[PDB]
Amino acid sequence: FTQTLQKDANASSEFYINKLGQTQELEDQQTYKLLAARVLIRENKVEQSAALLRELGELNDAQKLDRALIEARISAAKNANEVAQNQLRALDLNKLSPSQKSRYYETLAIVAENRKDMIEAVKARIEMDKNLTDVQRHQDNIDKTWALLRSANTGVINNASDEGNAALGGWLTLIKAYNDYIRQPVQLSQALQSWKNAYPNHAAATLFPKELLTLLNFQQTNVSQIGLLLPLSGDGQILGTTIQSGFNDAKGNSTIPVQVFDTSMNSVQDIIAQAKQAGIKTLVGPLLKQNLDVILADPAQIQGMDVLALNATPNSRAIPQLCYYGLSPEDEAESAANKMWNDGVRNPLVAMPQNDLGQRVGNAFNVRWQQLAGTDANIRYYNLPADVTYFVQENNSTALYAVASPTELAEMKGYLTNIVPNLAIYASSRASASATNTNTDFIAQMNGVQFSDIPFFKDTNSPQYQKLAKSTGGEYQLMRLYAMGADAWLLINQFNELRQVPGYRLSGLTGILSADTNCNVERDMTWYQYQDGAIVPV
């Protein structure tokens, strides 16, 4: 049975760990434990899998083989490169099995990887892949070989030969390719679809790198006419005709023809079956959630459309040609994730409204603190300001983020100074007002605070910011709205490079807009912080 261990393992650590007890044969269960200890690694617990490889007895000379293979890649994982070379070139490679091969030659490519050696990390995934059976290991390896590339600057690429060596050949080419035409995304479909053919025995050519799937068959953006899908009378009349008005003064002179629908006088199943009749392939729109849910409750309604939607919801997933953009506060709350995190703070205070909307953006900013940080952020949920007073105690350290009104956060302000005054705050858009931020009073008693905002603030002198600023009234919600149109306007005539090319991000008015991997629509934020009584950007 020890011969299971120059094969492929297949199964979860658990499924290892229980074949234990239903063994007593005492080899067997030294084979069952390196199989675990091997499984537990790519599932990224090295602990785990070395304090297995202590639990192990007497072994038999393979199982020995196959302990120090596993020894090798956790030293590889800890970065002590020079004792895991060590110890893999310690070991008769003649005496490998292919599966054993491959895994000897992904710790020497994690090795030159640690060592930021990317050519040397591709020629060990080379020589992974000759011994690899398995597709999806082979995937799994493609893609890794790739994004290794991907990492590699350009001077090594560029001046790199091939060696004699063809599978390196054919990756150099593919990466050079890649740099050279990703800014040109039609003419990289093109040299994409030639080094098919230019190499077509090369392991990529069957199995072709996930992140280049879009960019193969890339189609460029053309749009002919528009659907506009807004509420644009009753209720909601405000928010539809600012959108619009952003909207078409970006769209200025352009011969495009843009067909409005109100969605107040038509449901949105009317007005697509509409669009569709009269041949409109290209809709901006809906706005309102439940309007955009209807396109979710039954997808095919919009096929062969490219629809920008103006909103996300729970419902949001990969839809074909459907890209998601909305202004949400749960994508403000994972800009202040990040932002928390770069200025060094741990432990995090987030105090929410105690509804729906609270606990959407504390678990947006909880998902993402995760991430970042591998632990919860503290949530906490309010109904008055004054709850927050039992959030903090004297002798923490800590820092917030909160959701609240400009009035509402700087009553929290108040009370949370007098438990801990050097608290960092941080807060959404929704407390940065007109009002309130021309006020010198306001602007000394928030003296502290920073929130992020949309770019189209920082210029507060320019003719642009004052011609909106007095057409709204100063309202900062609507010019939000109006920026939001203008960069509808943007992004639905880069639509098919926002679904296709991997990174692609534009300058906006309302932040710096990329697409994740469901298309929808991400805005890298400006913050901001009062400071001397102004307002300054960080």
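Numbering follows the first chain given and starts at 1. First, how it differs from the form deposited in another entry.
- Checking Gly326, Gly57, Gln464, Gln220 against the motion between these two forms, you find the hinge between the rigid parts at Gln220.
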The other form holds:
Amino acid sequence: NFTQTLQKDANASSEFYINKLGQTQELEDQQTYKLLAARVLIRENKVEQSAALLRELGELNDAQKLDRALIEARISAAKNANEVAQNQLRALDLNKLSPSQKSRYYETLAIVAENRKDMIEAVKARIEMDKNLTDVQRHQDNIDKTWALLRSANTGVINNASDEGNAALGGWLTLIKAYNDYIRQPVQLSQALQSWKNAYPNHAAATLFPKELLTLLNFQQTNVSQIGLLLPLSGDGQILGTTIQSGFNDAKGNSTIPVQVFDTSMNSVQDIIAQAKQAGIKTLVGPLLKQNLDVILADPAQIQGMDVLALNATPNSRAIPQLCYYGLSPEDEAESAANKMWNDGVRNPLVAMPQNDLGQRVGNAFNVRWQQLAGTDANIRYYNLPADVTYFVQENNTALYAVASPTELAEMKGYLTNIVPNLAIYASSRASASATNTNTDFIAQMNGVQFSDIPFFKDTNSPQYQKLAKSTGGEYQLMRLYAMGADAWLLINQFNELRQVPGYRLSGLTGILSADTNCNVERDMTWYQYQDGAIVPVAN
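Taking the form deposited in one PDB entry as the starting point, write out the structure of the form deposited in another entry.
What follows is just the one chain, with no partners and no other molecules.
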């Protein structure tokens, strides 16, 4: 009678079923607890202990022999023994299984199909799984997994895919087809989803909508009525806030949206926020300085009832409702460098950061991203003199990423030409200045070096570019601040899209803009390379 426990869901921990052995007297009942533990051990990502415990099993009755083979095949699928896993499940009598056992049976199939990148068959497997589930939370997990398979499936296979008279598969295919067809237009996709829940009302997902789509069902376009602009426009950083203001205004154009300017150099940020609340302003851009942003982070409740696009990021930056961080951050240029370098074939690179507070953060943003692509920690080394790079290379003889001045970067390579002259050098936008990109003696010495910078510098002939280069006096920093202000107008009008729409992307003057889980605005950088006396865009 206790063997029948196998036919049900196993909701306890592995330690629970294993510890019951000391109290379990009968031999069959000891084996049952062993199988229940092995079943849960897989759900705990402990495959070896599951296979190991299976090796402790002795003599089993037929009901146990059956449950073991389920756990055997699931292990095989975990270890990518796809042909083995399937043959192990072809040997079972699918009629002898309970609903819970059929659920585990078809989940293993879905993993084999997913292992083989065969997404449609993996979805078909999870539909049969859903028919045998009883726990609501397990239902939701199957639906969340099912949605993830469709979202990774090739877009062509989905458009031409037939539902094969299968209503379940029909509703799934139509749902993903709407997602891919209108994800760039969320307002339109919201109408499609609401239509979907009336088209397939008895669909399992009509009741338990996948998590990724709940924010999209009743999505609402940003309706900016009033903006408050927090920038330093007097005293210190005046040029920063004024040039940023120039970009914001020029990108705003003939918009009726009233903007109220708040000068942080002459007013407290907590007083500004209070006055904004008083004037009925529900949308802010800024502040710019890290310290002033931390005033918000020192008490997030201040911005209760507002959408705020802060223009910087701090170590205290974190997930805060209706708060998103958008700064010309070196962490982004390092995260982009980790990507560029990886896609180019670089493995285990040397990273040269300055031994200051800014260098540690950027190195951490670099490595964390590198842990994603490489699964390893990179060589982050901190330099006090550009000449210290020599010993870093003298350790072993490859690609370098360095954050340094345009001249500091020229010293580094010169020190390395005798040591390793054919080294692939990557740098951040800090290595790009007007005084140096106009002189071929610098452009020639830097042949092969590539750096990240905003895509605005691709077109140095456009009238748009013309007017700005002469207006800023030829200083790239003032030109990037102008680009940020402009992209802030793009971003603050796409604010709700940014928080609610997965993978949302925007082509702005500062790069391809998107958001992470902490609504930190990421930037996909443009990469430029010095080639035979010219600077050409290599990527993006």
